[PDB]
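Q: Start from the sequences and build out the full structure, keeping to the hints where you can.
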Amino acid sequence: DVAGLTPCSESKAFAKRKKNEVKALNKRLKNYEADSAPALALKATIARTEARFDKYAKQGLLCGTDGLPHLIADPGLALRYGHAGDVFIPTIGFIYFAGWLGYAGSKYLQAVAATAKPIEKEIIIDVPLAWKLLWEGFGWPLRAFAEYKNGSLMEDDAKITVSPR
Amino acid sequence: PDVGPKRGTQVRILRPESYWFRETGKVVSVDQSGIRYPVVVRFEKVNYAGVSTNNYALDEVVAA
Amino acid sequence: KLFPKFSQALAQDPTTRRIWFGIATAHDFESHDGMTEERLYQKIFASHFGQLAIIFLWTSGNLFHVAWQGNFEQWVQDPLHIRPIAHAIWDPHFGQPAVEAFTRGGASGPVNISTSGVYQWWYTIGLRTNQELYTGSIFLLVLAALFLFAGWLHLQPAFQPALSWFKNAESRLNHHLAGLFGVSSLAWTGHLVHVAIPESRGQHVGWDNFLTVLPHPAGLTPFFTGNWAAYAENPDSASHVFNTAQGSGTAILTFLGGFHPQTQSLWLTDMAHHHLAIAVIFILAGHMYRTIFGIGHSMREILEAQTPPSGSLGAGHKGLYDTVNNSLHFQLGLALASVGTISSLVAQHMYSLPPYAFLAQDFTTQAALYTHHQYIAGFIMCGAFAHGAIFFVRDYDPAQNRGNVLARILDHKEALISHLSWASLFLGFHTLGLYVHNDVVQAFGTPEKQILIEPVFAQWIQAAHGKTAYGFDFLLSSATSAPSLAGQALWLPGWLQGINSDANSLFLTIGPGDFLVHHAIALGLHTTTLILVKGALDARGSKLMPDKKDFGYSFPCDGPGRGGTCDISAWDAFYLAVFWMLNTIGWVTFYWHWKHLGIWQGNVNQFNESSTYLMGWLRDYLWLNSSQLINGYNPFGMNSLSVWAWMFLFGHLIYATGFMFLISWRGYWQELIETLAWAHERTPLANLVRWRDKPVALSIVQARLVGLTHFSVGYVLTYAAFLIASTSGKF
Amino acid sequence: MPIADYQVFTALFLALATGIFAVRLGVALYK
Amino acid sequence: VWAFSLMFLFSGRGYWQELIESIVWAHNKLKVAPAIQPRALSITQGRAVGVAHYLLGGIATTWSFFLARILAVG
Amino acid sequence: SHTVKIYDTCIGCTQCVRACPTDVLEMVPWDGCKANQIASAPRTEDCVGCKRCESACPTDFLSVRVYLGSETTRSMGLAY
Amino acid sequence: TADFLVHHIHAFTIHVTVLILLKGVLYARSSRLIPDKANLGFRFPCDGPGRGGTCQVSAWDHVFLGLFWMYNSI
Amino acid sequence: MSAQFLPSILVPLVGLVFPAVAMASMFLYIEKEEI
Amino acid sequence: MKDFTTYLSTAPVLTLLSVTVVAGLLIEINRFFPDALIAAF
Amino acid sequence: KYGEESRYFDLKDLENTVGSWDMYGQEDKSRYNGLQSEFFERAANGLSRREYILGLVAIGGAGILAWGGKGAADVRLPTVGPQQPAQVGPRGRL
Ligand code: CLA
Ligand code: CLA
Ligand code: CLA
Ligand code: CLA
Ligand code: CLA
Ligand code: CLA
Ligand SMILES: CC1=C(/C=C/C(C)=C/C=CC(/C)=C/C=C/C=C(C)/C=C/C=C(C)/C=C/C2=C(C)CCCC2(C)C)C(C)(C)CCC1
Ligand code: SF4
Ligand code: SF4
Ligand code: SF4
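Protein chains in written order, with our numbering: chain A, 1 to 165; chain B, 1001 to 1064; chain C, 2001 to 2731; chain D, 3001 to 3031; chain E, 4001 to 4074; chain F, 5001 to 5080; chain G, 6001 to 6074; chain H, 7001 to 7035; chain I, 8001 to 8041; chain J, 9001 to 9094.
Keep in mind the hints are simulated off the structure, nothing from the lab.
Wrong hints could be hidden among the right ones.
[Said to hold, decoys possible] Dumping the calculated BS3-like pairs for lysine-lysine here, alpha-carbon to alpha-carbon at most 27 angstroms: (1) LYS2694/C to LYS55/A; (2) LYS2449/C to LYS43/A; (3) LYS4029/E to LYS1045/B; (4) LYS1006/B to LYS4029/E; (5) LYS1006/B to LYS107/A; (6) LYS7032/H to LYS2694/C; (7) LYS2043/C to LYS7032/H; (8) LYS43/A to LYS30/A; (9) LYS4029/E to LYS149/A; (10) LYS7032/H to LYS2549/C; (11) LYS3031/D to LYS7032/H; (12) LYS12/A to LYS1045/B; (13) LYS2001/C to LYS3031/D; (14) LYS1045/B to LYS117/A; (15) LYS2005/C to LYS7032/H; (16) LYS3031/D to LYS2730/C; (17) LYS8002/I to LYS159/A; (18) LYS2449/C to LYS23/A; (19) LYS2549/C to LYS159/A; (20) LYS5034/F to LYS2549/C; (21) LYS2694/C to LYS1045/B; (22) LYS19/A to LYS2694/C; (23) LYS2549/C to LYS3031/D; (24) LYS4031/E to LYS1045/B; (25) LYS2549/C to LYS12/A; (26) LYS5034/F to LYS1026/B.
[As the list claims (entries may be wrong)] Chain E residues, not near chain A, derived (Cβ > 12 angstroms throughout): (27) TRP4002; (28) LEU4006; (29) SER4022; (30) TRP4025; (31) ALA4026; (32) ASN4028; (33) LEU4030.
Each residue gets a CB set at the ideal place from its N, CA and C atoms; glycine is no exception.
A: So this is what it looks like as structure tokens:
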């Protein structure tokens, strides 16, 4: 319980929702054979639905009055009540991958900017160089922090074009 | 002798009007006559009109 | 051909445009021929007088129509079982079924049901009979005539105020804070103590007997002796009946907090106490600036002293006093921004804290008032930013503001616009992504896969106010906390009783749907602000147009050169921002209306479950609540909702018509008009008739303005019709 | 006690006077 | 998509070019500006994009409505 | 009747004169550029405002500017 | 009566679409407003803000508007 | 309402007589050549 | 062969191949690890 | 215009070079009967002045007000007619 939320394990609405979904799937399954293709597909869907509901209830997710899982997006609140995998951990994972792609693109652009013909390098990508920079982008946090503390990650305001006010 | 920077010297634009304000360009030629804007500067960044060269005065450019 | 008396250049135009532009530039006094600063200020002052007279006449008309064709007296006896009447209907085009269908609140003939809430307001302030309303209307009529005479008088040379008189900011602020704000609030407190409070207790107090009635049993003695606490001895009981004496009291300045159990609105004694405190504080604030009595402050020195060391803010606020006093657009922008924010505050406070008796029970009036004030606030905000841009392109002096906050904020305008764009992109990407994800999982029949982020921050703030529905036990949620014990015997009892009840709108319960809609609102606000700020900061010039300030605030474009310059002026930025403001206000009103629709019907589950995906918004709100509206008239008959159905289609038509001016541009129409002119000049009989003005197509800027006007009118009319018909056909 | 016809007539006359003052102000503003 | 088209039908090239100028400044501040100078879509291209999106959205809306209705009551 | 102005940044390329569809600009002798000629607008009364001259100017910023003002029967391009 | 009304609506929409397309084809070369429209080409945004405005004066723009009217008719 | 005949006279006056008079006067004034 | 590899390195070809590879990887991740609402490690 | 050949411009006859032709006009004073013409010009005697002709239009304005205050009731207009019963509303209202 965080904000009046009940765990999905003890939520009656959650169980009723699972029961209703499985019931609808079985109702659709009743109009087929026992080993036909549609019957097997419906059985697989039923198994997946049951596994999903069981996993959600076992993972400790919080359910509201409507019986659906709710996510806690607040450090500390999610860390002390065991909900860090809702938004905190996904935030870290995203930030890492997003920074990886961004750093790889930045390095490729800066590397090809020194070539005699950079526009062609932009429309016709250098596959080996792009591959090497994509691999190097995995250490983007360390490289970015080093460049920031080094002062080479920024451009002087006096060297950037600006409008005549 | 000759006024302004020599040909092929990197210069920075000081005219806020110019599309290349605060940007560097190469001095292509400098006219040695009483011309208001005798410094010809070429750029690697085309403007909105697709032009990459412009004329500037002696006080509108800074070496390096 | 000389109608534009204020513009000699426009008078020489031999086309119809002369008439058009002759009306769209009539109030731009600064651009008129032979205009000075003194004449400009004097004309604005007289125009202000005229506007005040118009407002007084409008209020007088409302009062007169309610007292002449309404049912105010009948509504007073039964405020919950009688629909207020706005005015009568005399339409020769009406048919017998239409005449019979519009007769409702016991009227002699067809009438219009009021939706502005004037009945509840007038009933709460003490008005009870039609004679009082008529007297108020006549008084407002005389007041309007007086203001008209004042406007005419101050235009004469003997009564013309000098330009320096208009620049006396200290004196004006002193009089406005101490007199326009403080004295007015004190007078309102006097009226509430002498009329509103006694009238709510079944005692009539009017001009004929207000001098023989004591507002309090102990008259004036406790006030002058200092025993002010004696004015809050016995307040109205929890079982008090409005307009009667059962369960009444004698207190006039209480602070119970909460809502009246019967009227579901704020206590009159609390509002009187509020106005008295506000009057005292405003008067005190009014005694601050220096005038001619050797004491007070000098705003110029205060601004020149607000310069932090280390040069973090540069020169600080040096020269800002003159920048604001000399420029009228700066003052208008500040006033518009403040007024728009106050309008939004008023809209947000009247539904959660009803101030008028029997107002919360009127679902139609509450929704209409909230939507009206929110739309007004949006339009006023757009105007504030537009005038800020006008200031930057017409009254900003870089030499006079060298190094202050204005020059510095203009020096890094790129960072501001870039961050606004980043915030808008983030909000849009994620709000749309979450909504689409929920829609996709809902379509595949797997609602358990929805991404429902709990609004823990807003819930925490709600718990800080006393709501115990989230188990936070924070400040006001804990009975043993210091703030809880401090106001334990003051306003906390009623405040908590009203905030912990689900029967009112005082801090409603929120969930994932509220989280998503709030982020959508944040998106609308950020994008609208980005457009307006970008237009105001780039008004003087950009890389594409370095000398934009030389072309003014509004101009069609700069030609197709340099890649194209369509919609490059600041006016165009405001034009593009109006669409976003309408969209944001639409989202806000949609959210408010749907949530209250579910709350009024005792079904919060509908919004709690269908608001997490867009299909629920389109099916459970728009399509579901439009059945009665579109059925106002059908091949079987018509009812009182036919007016709203017709207005619904009318708004749709105006909006679509605006789409023409918005999509089609000037070029096709010019050639078409030339062909039409040739046809007229070659048609017999019709040749005898000639045109005085050469017919030409609408201007580029004029076309954008006409299209925007049509779009906004259709938007407002369509939503007003749908809102009123949906909340009126059910309640 | 509904307002009588004489009250409506008096209100209309006062409105006529107010309109006269308004037109005078408008004329002064035009100048 | 249909509503999206409105953005390209009621706007102009100057506004987007200036907005792109500010975004370009942000990119230059971090040394990530591309050599292929970003430019707003031409006036003709803006009109083409707006009309293409308008028709795609409207036709697809009618397509979905028609197919769902006829497949559910046919 | 629009306002057409020429600035000293002109290089005398004569492109604006050739791009004018109503013969509003012309080249006159000058001594501030290598071409020894400057542009002028003696017949601004015939200017329609097409801004074709600006689309042809190669200087940055433009050396020829058109400011649209009071509209007349000629500036509006009306044949009726 | 409903069929009569809808048929006249169809005729009106078809006529407007024909008017737009035919006007573009007939004035694609020249016009009273722009006597040298053929020199500017077939697809150009305009001819500047002069003459009150020449926005969407080319034949391509007429096709651009005809697309909207055709969508409405169909 | 008191004086039921008033709306039947004021509505046509404000919607038919006043608009026609105002439009005619405005049309005659915006094309005076010498105001 | 050099020209063919240069054509395959163009912006559209590389964009479509990268999008296809990313989409395929995501589809297989969801095929083997379906209904991943939270990051359960 | 002196269009005797292929010349459609003439400064001495510039009137004909600008297409200033009546095309269909024809001057003829022999048509309307004298007795009927006199009757009509006599009927519209003083009605040729702007102030007087506007007075005739002012009569139409009076007729508009007369219709609302009398004509509308004489044609049994639905708005000027009576009303039958009424309804209660959605909930317990009026
Ligand atoms: C005590 C002296 C005094 C007073 C009472 C006023 C009063 C006024 N002045 Mg004035 N003025 C003064 C001194 C004073 N002035 C002096 C000394 C100078 C020279 C320095 C000026 C120079 C001056 C100028 C140049 C102008 C005025 C104007 C005005 C009018 C402002 C517009 C308005 O009516 O909105 C009314 C404002 C309020 C009622 C206060 C607003 C309170 C908030 C915003 C509203 C919300 C409150 C509440 C919630 C509303 C609920 C009601 C709801 C139930 C309906 C106003 C009546 C302007 C004008 O209109 O000219 C006619 C104007 O142009 N004054
Ligand atoms: C205290 C409020 C206030 C004041 C005093 C002003 C004053 C001024 N404004 Mg401003 N403005 C305001 C608020 C205000 N504004 C707001 C809230 C907005 C946002 C909409 C704007 C947006 C705005 C813009 C974009 C511009 C101005 C401009 C101006 C200046 C000239 C105005 C003019 O030309 O008149 C002319 C008045 C009109 C043309 C009337 C407009 C017609 C309306 C919109 C149509 C309404 C139709 C109606 C609703 C249809 C009913 C529907 C029914 C038929 C079914 C002037 C000094 C102009 C300027 O500064 O020039 C450089 C300028 O361009 N204003
Ligand atoms: C539904 C219509 C619509 C939509 C979706 C938008 C969306 C947007 N507007 Mg816009 N606008 C509209 C109507 C619309 N507008 C109208 C009618 C007007 C009046 C003309 C304006 C005027 C306007 C102005 C003046 C500005 C914007 C801006 C913006 C952007 C704000 C940033 C943001 O919100 O991030 C979120 C981004 C989105 C919601 C876009 C969706 C992303 C897509 C769906 C992801 C792609 C996935 C997939 C691969 C699709 C490709 C398939 C294809 C290859 C086949 C945004 C992209 C501002 C801006 O540029 O911001 C910097 C800006 O200044 N708008
Ligand atoms: C799991 C699904 C999902 C998907 C499909 C997306 C998709 C997207 N996200 Mg997003 N995000 C997600 C989950 C997801 N996100 C989660 C769970 C979080 C945690 C709450 C975030 C938080 C997040 C942020 C903060 C941002 C995005 C942004 C974006 C957009 C560009 C991302 C990018 O890397 O571009 C390409 C990469 C670059 C162009 C350069 C790298 C830029 C990254 C984002 C900066 C990372 C390093 C930096 C120091 C981090 C500090 C950020 C600061 C605010 C604290 C994109 C459409 C960005 C956006 O909205 O654009 C305006 C944005 O800034 N996301
Ligand atoms: C619902 C919106 C709307 C409406 C009403 C119109 C209406 C019209 N369009 Mg248009 N158009 C629109 C959207 C709209 N368009 C959009 C979004 C685009 C962008 C693609 C275009 C692009 C476009 C082009 C390119 C052209 C038109 C043309 C026309 C005109 C055709 C002539 C006609 O239809 O006869 C009659 C008019 C109507 C049926 C409109 C409704 C009028 C009602 C029925 C009369 C009501 C009388 C009134 C209430 C009484 C007075 C009351 C008093 C208070 C004033 C017509 C007025 C064509 C044209 O110029 O005409 C040949 C033309 O070429 N449109
Ligand atoms: C701005 C306030 C306002 C408004 C919006 C209305 C609106 C209306 N009135 Mg009303 N009226 C008003 C004030 C107002 N009145 C006042 C103060 C009085 C007291 C004298 C009256 C007395 C009155 C009577 C006796 C009647 C109406 C009637 C009507 C209805 C038909 C209009 C008509 O023909 O009557 C004509 C209205 C008048 C002769 C007086 C109105 C004068 C106002 C104050 C002019 C205000 C102009 C405004 C401020 C400037 C805006 C510019 C604009 C003119 C372009 C209509 C709904 C009729 C009705 O009941 O319909 C069923 C009816 O018979 N009114
Ligand atoms: C552009 C421009 C302009 C305009 C501008 C604008 C329009 C602005 C605005 C703005 C706005 C619109 C703002 C708003 C705001 C708000 C704020 C700033 C606030 C706040 C806060 C606080 C401080 C609070 C606190 C509290 C309390 C008191 C109690 C309870 C709790 C709380 C927390 C709530 C000008 C002319 C001027 C200048 C130039 C140009
Ligand atoms: S299309 Fe119209 S607005 Fe755009 S540049 Fe051409 S004339 Fe100006
Ligand atoms: S705007 Fe057009 S007509 Fe005027 S000078 Fe330039 S090219 Fe000539
Ligand atoms: S186009 Fe520009 S540079 Fe060339 S002659 Fe004209 S003004 Fe001078």
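Q: So, for every hint listed, does it hold in this structure?
A: A quick look at each hint next to the structure:
At most 27 angstroms may separate the alpha-carbon atoms for a hinted pair to count; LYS2694/C and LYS55/A exceed this at roughly 77 angstroms. Restraint check for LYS2449/C and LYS43/A: the C-alpha separation of about 20 angstroms stays at or below 27 angstroms, so the hint holds. Straight-line distance between C-alpha atoms of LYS4029/E and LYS1045/B comes to about 17 angstroms, which keeps the hinted pair within the 27 angstroms bound. Using a Cα cut-off of 27 angstroms, the hinted pair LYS1006/B and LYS4029/E is violated, with the two alpha carbons roughly 30 angstroms apart.
Between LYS1006/B and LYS107/A, the direct Cα distance comes to roughly 34 angstroms. Violation of the 27 angstroms bound is thereby established for this hinted pair. Note on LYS7032/H and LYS2694/C: the hinted pairing holds, with a Cα-Cα distance of about 16 angstroms set against a maximum of 27 angstroms. Using a Cα cut-off of 27 angstroms, the hinted pair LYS2043/C and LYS7032/H holds, with the two alpha carbons roughly 25 angstroms apart. Restraint check: the Cα-Cα separation between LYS43/A and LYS30/A comes to about 11 angstroms, which is no more than 27 angstroms; the hinted pair holds.
Note on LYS4029/E and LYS149/A: the hinted pairing holds, with a Cα-Cα distance of about 16 angstroms set against a maximum of 27 angstroms. Our distance criterion of 27 angstroms between C-alpha atoms is broken by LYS7032/H and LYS2549/C, whose separation comes to about 36 angstroms. As the CA atoms of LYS3031/D and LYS7032/H are separated by approximately 18 angstroms, the hinted pair is consistent with the 27 angstroms bound. Restraint check for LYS12/A and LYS1045/B: not satisfied, since their Cα atoms lie roughly 66 angstroms apart, outside the 27 angstroms limit.
Only pairs whose Cα atoms come within 27 angstroms are accepted, and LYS2001/C paired with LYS3031/D is accepted, the gap being roughly 19 angstroms. For a cut-off of 27 angstroms, the pair hint linking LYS1045/B to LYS117/A stands: about 13 angstroms separates their Cα positions. At roughly 12 angstroms between alpha-carbon atoms, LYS2005/C and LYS7032/H fall within 27 angstroms of each other, so this suggested pair holds. At roughly 54 angstroms between alpha-carbon atoms, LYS3031/D and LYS2730/C are farther apart than 27 angstroms, so this suggested pair is violated.
As the CA atoms of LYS8002/I and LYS159/A are separated by approximately 40 angstroms, the hinted pair breaks the 27 angstroms bound. The straight-line distance between the Cα atoms of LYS2449/C and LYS23/A is roughly 18 angstroms, inside the 27 angstroms bound, and the hint therefore holds. Distance check on the hinted pair: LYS2549/C and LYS159/A sit about 25 angstroms apart at the alpha-carbon level, within 27 angstroms; holds. Under the criterion of a C-alpha separation no larger than 27 angstroms, the hint pairing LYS5034/F with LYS2549/C is inconsistent with the structure, at around 31 angstroms.
Using a Cα cut-off of 27 angstroms, the hinted pair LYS2694/C and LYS1045/B is violated, with the two alpha carbons roughly 47 angstroms apart. This hinted pair does not check out: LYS19/A and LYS2694/C have alpha carbons roughly 76 angstroms apart, beyond 27 angstroms. As the CA atoms of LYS2549/C and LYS3031/D are separated by approximately 32 angstroms, the hinted pair breaks the 27 angstroms bound. With a C-alpha separation of about 15 angstroms, the suggested pairing of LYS4031/E with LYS1045/B holds against the 27 angstroms cut-off.
Only pairs whose Cα atoms come within 27 angstroms are accepted, and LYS2549/C paired with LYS12/A is rejected, the gap being roughly 66 angstroms. Between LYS5034/F and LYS1026/B, the direct Cα distance comes to roughly 20 angstroms. Compliance with the 27 angstroms bound is thereby established for this hinted pair. Against the 12 angstroms criterion, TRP4002/E stays outside the reach of chain A, whose nearest CB is about 31 angstroms from its own CB. Consistency note on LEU4006/E: stated as away from chain A, and its beta-carbon is indeed over 12 angstroms from all of that chain's, at 29 angstroms minimum.
With a minimum CB-CB distance of about 9 angstroms to chain A, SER4022/E fails to clear the 12 angstroms threshold, and the non-interface call is violated. Interface exclusion of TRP4025/E from chain A breaks down, the closest Cβ pair being 6 angstroms apart, not more than 12 angstroms. A Cβ of chain A approaches the Cβ of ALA4026/E within 12 angstroms, the least distance being about 10 angstroms, so the stated non-interface status is violated. For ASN4028/E, the condition that its CB be more than 12 angstroms from all CB atoms of chain A is violated, with the nearest at approximately 5 angstroms.
The non-interface label for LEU4030/E is inconsistent with chain A: the shortest C-beta to C-beta separation is roughly 7 angstroms, within 12 angstroms.
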